[PDB]
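Visitor: Assemble the complex: chain D is given as a structure, and chains U, L, B, V, T, M, m and O with the ligands must be docked to it using the hints.
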Amino acid sequence: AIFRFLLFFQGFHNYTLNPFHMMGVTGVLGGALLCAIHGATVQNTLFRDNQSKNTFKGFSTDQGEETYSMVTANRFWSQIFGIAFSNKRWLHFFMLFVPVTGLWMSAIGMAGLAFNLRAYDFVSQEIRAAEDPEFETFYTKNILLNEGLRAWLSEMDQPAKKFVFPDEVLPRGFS
Amino acid sequence: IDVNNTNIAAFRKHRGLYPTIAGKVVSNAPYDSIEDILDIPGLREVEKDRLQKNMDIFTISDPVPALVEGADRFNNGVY
Amino acid sequence: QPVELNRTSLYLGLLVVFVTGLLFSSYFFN
Amino acid sequence: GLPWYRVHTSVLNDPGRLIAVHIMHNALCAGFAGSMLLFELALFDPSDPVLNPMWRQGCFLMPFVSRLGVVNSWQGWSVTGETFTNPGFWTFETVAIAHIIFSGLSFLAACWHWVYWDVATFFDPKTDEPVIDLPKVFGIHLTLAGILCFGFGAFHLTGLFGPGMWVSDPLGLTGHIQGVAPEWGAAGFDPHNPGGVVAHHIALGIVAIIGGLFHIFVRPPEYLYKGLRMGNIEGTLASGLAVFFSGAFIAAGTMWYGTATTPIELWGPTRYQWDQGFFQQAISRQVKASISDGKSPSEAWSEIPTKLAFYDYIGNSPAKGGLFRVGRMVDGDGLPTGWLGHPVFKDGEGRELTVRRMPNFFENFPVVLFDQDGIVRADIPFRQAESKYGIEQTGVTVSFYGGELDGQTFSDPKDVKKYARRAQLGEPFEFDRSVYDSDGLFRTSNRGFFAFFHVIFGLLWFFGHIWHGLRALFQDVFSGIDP
Amino acid sequence: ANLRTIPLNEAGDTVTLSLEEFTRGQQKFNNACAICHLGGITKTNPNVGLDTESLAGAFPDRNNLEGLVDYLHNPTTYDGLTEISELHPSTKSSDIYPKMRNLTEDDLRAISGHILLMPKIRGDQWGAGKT
Amino acid sequence: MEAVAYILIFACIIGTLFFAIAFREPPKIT
Amino acid sequence: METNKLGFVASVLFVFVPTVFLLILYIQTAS
Amino acid sequence: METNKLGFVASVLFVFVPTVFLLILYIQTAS
Amino acid sequence: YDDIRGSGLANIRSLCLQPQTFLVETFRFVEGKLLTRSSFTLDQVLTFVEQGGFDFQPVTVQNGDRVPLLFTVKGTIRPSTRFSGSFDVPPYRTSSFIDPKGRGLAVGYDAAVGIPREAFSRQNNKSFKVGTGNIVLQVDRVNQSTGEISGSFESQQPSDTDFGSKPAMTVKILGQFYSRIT
Ligand code: CLA
Ligand code: CLA
Ligand SMILES: CCCCCCCCCCCCCCCC(=O)OC[C@H](CO[C@@H]1O[C@H](CS(=O)(=O)O)[C@@H](O)[C@H](O)[C@H]1O)OC(=O)CCCCCCCCCCCCCCC
Ligand code: HEM
Ligand SMILES: CC1=C(/C=C/C(C)=C/C=C/C(C)=C/C=C/C=C(C)/C=C/C=C(C)/C=C/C2=C(C)CCCC2(C)C)C(C)(C)CCC1
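Residue numbers (the deposited numbering), protein chains in the order written: chain D, 177 to 351; chain U, 81 to 159; chain L, 11 to 40; chain B, 2 to 484; chain V, 39 to 169; chain T, 1 to 30; chain M, 1 to 31; chain m, 1 to 31; chain O, 28 to 38, 61 to 76, 89 to 106, 118 to 134, 137 to 149, 160 to 200, 205 to 270.
Be careful, since some hints might not be right.
A few chain U positions that, by computed beta-carbon distances, are all more than 10 angstroms from chain O [what the hints assert, rightly or not]:
1. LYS104
2. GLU115
3. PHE138
4. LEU147
Looking from chain T toward chain L, a few residues come up when the C-beta cut is under 7 angstroms (computed) [claimed, not checked]:
5. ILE9
6. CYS12
7. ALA20
8. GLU25
9. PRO26
Calculated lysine-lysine pairs in the BS3-like style (CA-CA distance at most 25 angstroms, straight line) [unchecked claim]:
10. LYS347/B / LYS418/B
11. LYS128/U / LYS93/U
12. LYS347/B / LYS337/D
13. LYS104/U / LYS81/V
14. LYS104/U / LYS148/O
15. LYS5/M / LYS5/m
16. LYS158/V / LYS389/B
17. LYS338/D / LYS347/B
18. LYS168/V / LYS338/D
19. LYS217/O / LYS254/O
It should be emphasised that the hints constitute simulated quantities derived from the structure, not laboratory data.
The beta carbon of each residue, even a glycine, is placed where N, CA and C say it ideally should be.
Next comes chain D alone, as it looks inside the complex:
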């Protein structure tokens, strides 16, 4: 049902084109990036606080000292990525801030799709493609795919509406 909802939102709403959803995707993908990169950075800047090769026993709950070198991690990411965190508290606030604000921005995009206020189309390109039957962009091929989804789903998506589409008004791509 969620998968139908996702494809319905593309075909009827063009939701990938919605910029608030693009920030949602950016926030969620960056949240996953931050989760992975912070875990691996901590795990690879650990201190030698044990004797065994299993470094998971090099940490006690009661200890008040950092279990990983923030200095070595800052050095590594400064010389790999050009920037690095130096503030641990800011790092963990960023790890909070990134997926939460992404998820909020996607919620703003859905609030817009409640009133059908859609980033469906770019008016300049729907114009140009219609005055020029040679102007093809990936966007025009997304608009065509959306029409294909819309006409080929809606007759069984909403069966209260009783949409009757004959086989020869359904947009085919010339099979």
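Guide: Positioned in the frame of chain D, the structure of chains U, L, B, V, T, M, m and O with the ligands alone reads:
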């Protein structure tokens, strides 16, 4: 069905015609006479007589250039 | 206390402005 | 106060400066109301309220101004339509100029309160620290809100000493301003009832006067003073932000659904009047009543008002614009020049055909013509190689009743293929897209834009409510927990 | 019920099918014939479908159970000019197509009876697919 | 003039990226 | 290209009205 | 009025590009 | 084939036609550049009637404007003898082509369904006309031991109009051909 604008897939509709009769009525085009399909320039007697039964639907109306631009009657491309 | 904005916050603010503007420019132009 | 996102907390312990910074928000709000109405009127076309109402023209503040009583301008015209010569004093301009003058006065008063922060009102007598008594101030404020509510609903909306309010018929054709008696029964809770609005404001004015008097003479309990952090002004902000975001959702919902407060002469029709075919059934009912009154089909169909036909345009559904299709509705389909009349499609067999109208969901829709049986009889094809249906293959003719094409019949494939496209968009209309450089893509009304903005406002004020409630309760641990 | 009853021959005699027999034929449709007749049409040629209107309009009329079994005994054209048992699987020609070498007369009868006892169950869901 | 806005904003991202690597505030150990 | 005319002036004030604010805040911090 | 189109955008950058400079300089002096 | 696989040795019996230059008469005949790698060999085709074979080759040549021309010819021997004739150029693409907006002639929309007929109707209703091309075939080298003659041509045929959207221009084509009269 017209015999100078119509494809092979709409020669299915007739009771027993596919594929040689339809593959030969289309291969030579245009036909001026409606009854010019019955001369059969290279077809045999089993084709000739069977086509001679089926003369109540054939036509010579108009070969549209959008419908004949090199194997558009044979495989238009609509499956 | 007076307001601050350190260098890192300036760079972060500049990128968030610049990337957000690049994102929304395509839709302001429509 | 040092991080950039904390700077306005410099007035958090300075109530004179707090009043200053509030009076400046007032000056900005009223200056925006005045300037926006001036801009809404420089761009307004008052020539006709039938085909170019304010909701087609992107008027944001004008409906709210005219919903209470201010419908006519000093130029003569009126959004109801009549031009005169003595439009009272409360016109569209006087309102914007009053807000501009208020904005100037409030800027000066905020300057005074910024400079003279140290007045002995904001510091208690016993010590000299800045304080404001939130229960007492709340009671005074609640009482003031109570008198303003009671008065507005009992003297401005009733019309006893006020203009009244906009009322309309269900079809939304006789929109005018008159004072509305209160409705105290169950009928007062009908959303499309203005006496309910009048009675609500009356009853809640008495309620807020009593509560404000109770919140001025009765001090809060010692458990609820520390429980709700009643000494913390931040806690007051959190509860006010709660009221603010839940009102936004209620305001947005009642704008999208339509109540007596948002009539369709000002904000236009709702998407739910197109979803159920509200004006379509209204016109069909009126037409058949005239048909059974011994009138011809063309004669009955030409008594349908252009304003009643225009409501059946799907271009007037507020659920049909786009997020970045910015601007006014006539920036899209264009300026309407007239109603083409009811199209009646007839096949080659002489059967009544109906074009399936398109829903609010669809950006574009297959044009398919049904009949009384509901079986497909013609359509505008796509594959057009096994297309047994089709306009020219079936010979569908369109004949118009009413409007500009009254009596005319068209049988050309191009013409029937065009008017079957305009028939699925509702009642067909002629659009001139040269006056406003209209691009052809539908735009939502002021109803849609207001509803969507105030939903975004509800969502961010939900978060702001949470942020300040959590900050008010967890004030002791904001800097950190404990060593 | 009446779905079991199908045309047997061109003489005219509606023959009823057992539910188990029909299911047994349905399975064998999906092991030796669904390679390219899955759905209702033929993948090799998208014009010769296994539909009622096509099979009744075949020459000879092959919308009959005995007609379909006799087709499987001899692959011909839609008009029946050349008996090309080599481009098609054929009950006699097991060397070109080894799929029916294990199928008996009952197997051919059941697979031919299941093709003609769907179309009033489905309708426009077997003929050419639901678009 | 719509490409000009995009190229100018992209140049602003690139300038911020250079200045936030090259002229970054030094992280001092305590 | 039938693009919004003010879409240029919307793009550049969207991205430099905040930017100068940040630079103001940074410069007054650095001095 | 057949006026220069860019005369608007010339007028406003002529008078606020220096202005923000002054405010930057003032604000960093005041802080 | 492995010797010619990757080389390109392809690019009355089989009559192959190998252009080496494409002068388009822009508003004089200027010669562009071949943007379709090497697929211009009209191959395996007193009066001569046209036959099967690759009697069409769509080649896009290139100001900075792509011109997609459908190079085609549909419709005693000594070192001077010429078979001058004319041919019917079909449209570049057949009527089952669809533009970026969903519209087409055999299959497709009949109008722009992006907006909701107007001044778009020149691109909406697509046409499928036919053009004529004059070709003059020169015979230069004749070897009767194999039974075959070869020479050069000049052909003037129109380019594509995008189903009636833009005025096509005439292209001059020169190159050697070789056929086996039998
Ligand atoms: C007998 C006199 C009388 C009469 C006739 C009315 C009549 C009316 N009152 Mg009422 N009122 C009265 C006395 C009276 N009142 C008194 C004495 C008080 C003091 C308590 C009130 C306090 C009051 C309030 C607070 C409200 C009314 C409202 C109304 C209107 C409700 C109709 C409507 O639009 O729904 C609108 C609102 C609702 C049907 C309730 C919505 C509440 C939602 C469901 C809460 C949850 C939403 C959540 C916060 C956000 C959603 C997020 C997301 C999940 C969507 C109606 C005309 C409502 C109104 O004016 O709406 C504009 C309204 O909110 N009255
Ligand atoms: C009545 C509404 C209201 C009020 C009075 C406040 C007041 C306050 N908030 Mg707050 N907040 C609110 C709503 C409100 N908030 C909402 C709705 C949200 C969610 C979006 C937030 C989320 C929030 C956070 C996360 C924080 C605050 C903080 C603060 C305090 C510091 C002030 C500040 O941030 O200045 C600084 C702001 C700037 C210097 C520039 C901000 C520029 C904004 C983003 C653009 C301006 C847009 C436009 C001009 C404003 C018009 C809005 C329009 C929609 C009406 C202050 C007491 C801070 C705090 O807790 O104090 C210690 C804090 O960190 N708020
Ligand atoms: C391409 C056009 C778009 C532009 C996009 C670029 C936006 C940049 C925004 C500002 C970012 C820099 C903030 C301050 C950083 C810092 O303090 O550096 C200080 C450094 C020294 O490093 C430092 O020096 C300091 C001591 S001192 O400076 O040497 O005295 C020392 O404390 C410190 O550790 C050391 O790192 O040098 C500077 O003075 C930088 C200030 C230059 C002004 C910004 C660049 C302006 C654009 C230049 C190109 C013109 C474009 C023309 C076309 C329009
Ligand atoms: C037991 C298995 C099969 C059965 C019962 C079967 C049945 C049939 C029948 C009855 C027809 C004629 C229908 C008509 O044209 O009206 C036919 C045609 C056809 N079959 Fe199948 N088939 C089987 C296996 C296959 C397979 C595996 C293929 C895959 C290559 C295939 C490809 C075709 C083709 C291409 C045609 C059309 C040929 C023509 O027009 O003569 N068949 N089949
Ligand atoms: C001095 C004075 C005066 C005068 C006054 C005046 C003249 C005024 C005014 C005023 C004004 C003239 C105002 C205003 C306003 C406006 C506003 C305040 C607004 C706004 C806005 C906003 C807020 C927005 C934002 C945004 C954008 C841009 C878009 C979207 C996004 C954002 C949100 C960012 C007088 C004499 C009387 C008195 C004395 C004093």
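Visitor: For each hint, tell me whether it holds in the structure or not.
Guide: Hints and how they fare:
1. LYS104: For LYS104/U, whose nearest Cβ neighbour in chain O is about 16 angstroms away, the distance exceeds 10 angstroms, so it holds.
2. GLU115: About 25 angstroms separates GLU115/U from the closest Cβ of chain O, which puts it past 10 angstroms; holds.
3. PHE138: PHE138/U clear of chain O: closest Cβ-Cβ about 23 angstroms, beyond 10 angstroms.
4. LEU147: Non-interface label fails for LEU147/U: nearest chain O Cβ at 7 angstroms, not farther than 10 angstroms.
5. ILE9: OK, holds: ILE9/T within 7 angstroms of chain L, min 5 angstroms.
6. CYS12: holds, 5 angstroms
7. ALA20: holds, 4 angstroms
8. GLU25: Cβ of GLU25/T sits 4 angstroms from chain L, so the hint holds.
9. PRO26: Hint on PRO26/T: violated, closest Cβ of chain L at ~10 angstroms, above 7 angstroms.
10. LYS347/B / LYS418/B: holds, 13 angstroms
11. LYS128/U / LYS93/U: Holds: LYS128/U and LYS93/U sit about 19 angstroms apart, inside 25 angstroms.
12. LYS347/B / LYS337/D: holds, 24 angstroms
13. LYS104/U / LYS81/V: The hint holds at about 24 angstroms.
14. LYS104/U / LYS148/O: holds, 21 angstroms
15. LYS5/M / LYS5/m: holds, 12 angstroms
16. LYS158/V / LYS389/B: holds, 23 angstroms
17. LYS338/D / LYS347/B: holds, 22 angstroms
18. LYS168/V / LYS338/D: holds, 16 angstroms
19. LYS217/O / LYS254/O: holds, 14 angstroms
When the structure is compared with the earlier hints, violations turn up for hints 4 and 9 and for no others.
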